[PDB]
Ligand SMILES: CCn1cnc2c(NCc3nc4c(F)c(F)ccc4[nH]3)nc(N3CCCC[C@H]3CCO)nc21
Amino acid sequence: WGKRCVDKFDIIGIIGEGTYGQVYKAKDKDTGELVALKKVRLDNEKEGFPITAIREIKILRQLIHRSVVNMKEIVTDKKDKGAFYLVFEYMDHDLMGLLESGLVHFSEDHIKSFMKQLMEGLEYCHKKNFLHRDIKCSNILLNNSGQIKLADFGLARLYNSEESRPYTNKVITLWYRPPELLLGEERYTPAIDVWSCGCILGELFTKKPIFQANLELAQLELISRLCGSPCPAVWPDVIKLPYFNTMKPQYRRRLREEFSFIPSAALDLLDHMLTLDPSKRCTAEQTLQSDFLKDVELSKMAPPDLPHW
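In the form deposited without the named molecule, the structure of this chain alone:
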C-alpha cells in the first residue's frame, strides 16, 4: 500500500532517544490502539535520507512474523523542511527493564513461552538468510499479553551459505558477543545470534547478565572461565583466528556446575547454545526442538504478571 500520509496520529509522549531520532508514543485516530513512531529527520543531514534507516526499511518489509516487530507504515508531516515517521506496533515492556527492577521474576513456564517465541523468530530470520547482529535483552520487546517480538534490525544484514561473504567484526556489542567475533572472525554464520540468545537464556534465570566486562580481552576471559578456554580439542578451527595466540586467557568448562539451580531440561539447552565452536553449536531450528521448548504449546500458556508503570 501507499505510504505517504499526514500525522493523523495523536501523540501521547516521548519514549526515548533511539537511532537517528526520538521515538514517540501515539495512537492513530482511525483504527485505534497504540503505535510507536520512530522519527527520521532530513533537515539535519547531508545524508539526505539516512542510509542506516534504508537498510532497516528494506529488511522489515520482507520480514513478516508473529514474533518479529513489523513495520506497519511510513508517514509524514506536510522545498520543505519535513520529516518521516516509521510506524511500529507498540510494545509496553522490554526484557532488560523488567529484569532491572527486582519486581518481576519469571516462572519456568514463562521462560519457556518466551524462549520459544524468540527462537521461532530467529528461525524465520535465518531461513530468510538474515543475521540480526544485535541481539540483546533491551532489543527484545514484550507486551502485557504474553506476546514477544524481536526488534532493532538496524545492524541486520543478508547472509549467504556459499561462504562468499566477509562481514563486520564489531557486532552484538561486548556483553553478548560470541567468542568467534572476540577473536577476529569476519566470515561468520547465524550462530552468532544463537550465542546471544544463550546469553539471554542464562540471564533470565540469573536476573543479571552472565558476562559483564569493559574490555574485549576481559570479556573473553569471563567466557573462558565458565565455558572453558578455546582449545583446539574443543574448537579445531580456533587456530585460524587472528587474535587466538594474542588473547589466550586453560579453563575447564564449569557451565553446568555454576547453573545447577537451572532445571535439567533447561540446562541442556543453555549448554548447547553456549558452545565455543560455531560449527559445533545449536542452530535456531534445533533449539526449538530441545526438551525445554519442544512441547511448549503457546496457546495453552497464561500471560505473565507484568505491571504497568
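For the two forms, the rigid core is made up of the largest set of C-alpha atoms that agree within 1.5 Å on superposition. Numbering follows the first chain given and starts at 1. What changes on going to the form solved in complex with the named molecule:
- 29 is the only residue from 58, 280, 29, 240 whose Cα shifts by 2 Å or more between the two forms, the rigid core being superposed.
- Shown in the overlay between the two forms, fitted on the rigid core, is a CA shift at residue 291 smaller than 2 Å.
- Annotation for residue 108: C-alpha shift under 2 angstroms between the two forms, rigid core superposed.
- Once you line up the core between the two forms, the Cα of residue 302 stays within less than 2 Å of where it was.
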The other form holds:
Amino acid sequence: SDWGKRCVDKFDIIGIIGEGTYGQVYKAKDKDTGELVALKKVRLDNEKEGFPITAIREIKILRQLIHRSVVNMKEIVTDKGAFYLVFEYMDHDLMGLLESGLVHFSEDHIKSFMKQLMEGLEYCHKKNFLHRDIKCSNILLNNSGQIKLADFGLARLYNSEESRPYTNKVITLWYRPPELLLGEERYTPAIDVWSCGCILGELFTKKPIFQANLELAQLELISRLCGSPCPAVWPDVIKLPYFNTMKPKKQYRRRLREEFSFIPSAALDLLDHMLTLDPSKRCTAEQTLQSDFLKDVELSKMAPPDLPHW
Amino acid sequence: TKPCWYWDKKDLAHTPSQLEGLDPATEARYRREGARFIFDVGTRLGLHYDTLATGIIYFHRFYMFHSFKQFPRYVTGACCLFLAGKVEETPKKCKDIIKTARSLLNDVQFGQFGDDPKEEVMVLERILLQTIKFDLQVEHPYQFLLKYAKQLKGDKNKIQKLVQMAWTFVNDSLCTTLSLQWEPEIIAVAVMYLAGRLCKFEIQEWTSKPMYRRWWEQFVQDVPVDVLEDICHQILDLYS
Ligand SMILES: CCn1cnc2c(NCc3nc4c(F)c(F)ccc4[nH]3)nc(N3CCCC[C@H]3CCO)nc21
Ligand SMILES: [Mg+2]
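Mind sharing the form solved in complex with the named molecule? What's above is the form deposited without the named molecule.
Shown next: the complete complex, the earlier chain at its head.
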C-alpha cells in the first residue's frame, strides 16, 4: 500500500506508446519481475498550480475501481521531478487493430468484446462515475482476448440522487451523443452508452460511423442515420439550448436498420437501442447486458481471437 | 488494499518529532497551531469545512512520518491546504494561500516560508503526496454527525442544539491527533455523546429503541462506552 516511493529507474523504458493529457505514456519493463507495464507520466515542474488537478481527479477515481474489465493502477513511482502511474501492459488497443487492417472480428469476437466493455462500463456507472472519453484508442485488448476500459482522465463523479451541472464539451466528436451536441449540461451516464453504440457499429463496419469535423456537421450525420431529433421521439429536446440553432437539413426518418441490415438481427436490436436519440430512452449499461446479443455470452467458453503478435 | 491510517497511543508517543527530542506538550502545541492555522487561512479564503478538515488530516498524517524539527509547521499547513483545495474541487491559487498566511502570521512565524514562500510550498507538495501515499480521499466526522442526527426523532430544538454543539466539538477534535486514532464515524458518535452529556439530553429517547441505552449501536458497530469516554476526555482537555 506504500505508494509513491519506489523509483522509476526500477523500470526499463522501452518506448513511447501514447500522448497523455499531462504527460507521455511509455511501454517499459519491470527490472525485478520482468513484467511489461505501461507508465503514464505526470509532469509537475513548471506547472503554475503544481500537481495537476486533472491527475488528482484521475488518481482518486482509479483507486476506487477494481474490476476485471477496467484498467487497474498497480502503483505510483517517482523520478530519481515527475510521477508515473503504473498499469499492466496491454498488447493492443481497438483503434490500432482496426486500423492495421490485419484483423477481422467475427460475431463471436464482437459479443465477447462488448460483453466485457459493458460489464466494465456498468461497474463504473454503478460506482457513480461517468467516463466521458470512450473511444477505440481507450479500449485495450490483450492477446488472451481480455478487454480493459482505459483513460479515466476525464471521468468524474455523477450525482445519481439529484441532477447537477457538468462540463458540456466532453467525448471526442465522433463518439459524442446528441444531447451534448445540443448543449446539455445536466447529462447522465447515457452519454457513455452512446459512445459504446458507436464502437459496436464500428466493429461491424471497421470505420467510425459518424465522421464530422464540426458539431453541426456531426449532428446532421447523426440525424441522417438515427432520424432528426424532435419531440415525437425526444420530448425534452425542446428544452436544450441549441435545439433551434442546430437543426439538421431535412426531417430525416430513422434508417439505422436498413443501413446496418448486414449486421445480425440481435446485434442490430442492441445497436438500435444504444443509438436511441433520447438519453432517457437509451438503454443503460445494465440493459445491454440483458440483451439477446450478450445475455448468453459465456466468456469462459470463448476462443481467443486471432490477434497479431506484431 | 488501502494503507492503515490509525495509530495507538503508544505509537503517538513515538512520533518522529519525539524521537528527535521534542517534548510531547510542544508537539501537541505545534499540531494545534498548524491545524488552527489551516482553519484560519482556509476560512479567510471561503473554503468550507470539508476542505479545511482534509487539509488538517493530511497535516496530522504528515507528522507521523516527518519531524517538526525538520519541517516548519506553517509551510506544511499551507501545502496541505493547497493540496486539499484541489482534492476537494475547491481550488485556491498558491499565491492566495501565501497572501492569507502573510496576513495571519507574525514576522517570526512567517519566517518559516523563507525567501520564496510560494516555492517553499510547491516543493513540499511532491513530498506531501509521497507521504500520504497518494491516498487522497478522506471522510470527516461532519457528514456522519449530519447523517446520524437526521435519523433522530424528537424535539427539533434539542436535536438542533445537540448538533450545533457536536459540530463545534468536531472543529476542536481537528486540533488533536484524534483523526489518527479513530474513524470519522466514531468521532461523530463521540461528539453527539459528549453534547448529549453536557446538555443532559437522553439521546436513546430519540431512537427506535427508547429503552435501549446504547443508542449509537444503530450507527456504528461494537464501539464500547470507554472509547467514547476516552475521545470525550481528549476533546475536553482542550478546554482545561
Ligand atoms: C492504460 C495504460 N496502458 C496499458 N497498456 C496500454 C496500451 N497498450 C496497447 C499498446 N498500444 C501501443 C501503441 F500505440 C504503440 F505505439 C506502442 C505500443 C502500444 N501498446 N496502450 C495504451 N494506450 C494506447 C494509445 C495511447 C494511450 C493509451 C490509451 C489508454 O491509456 N495504454 C495502455
Ligand atoms: Mg484522453
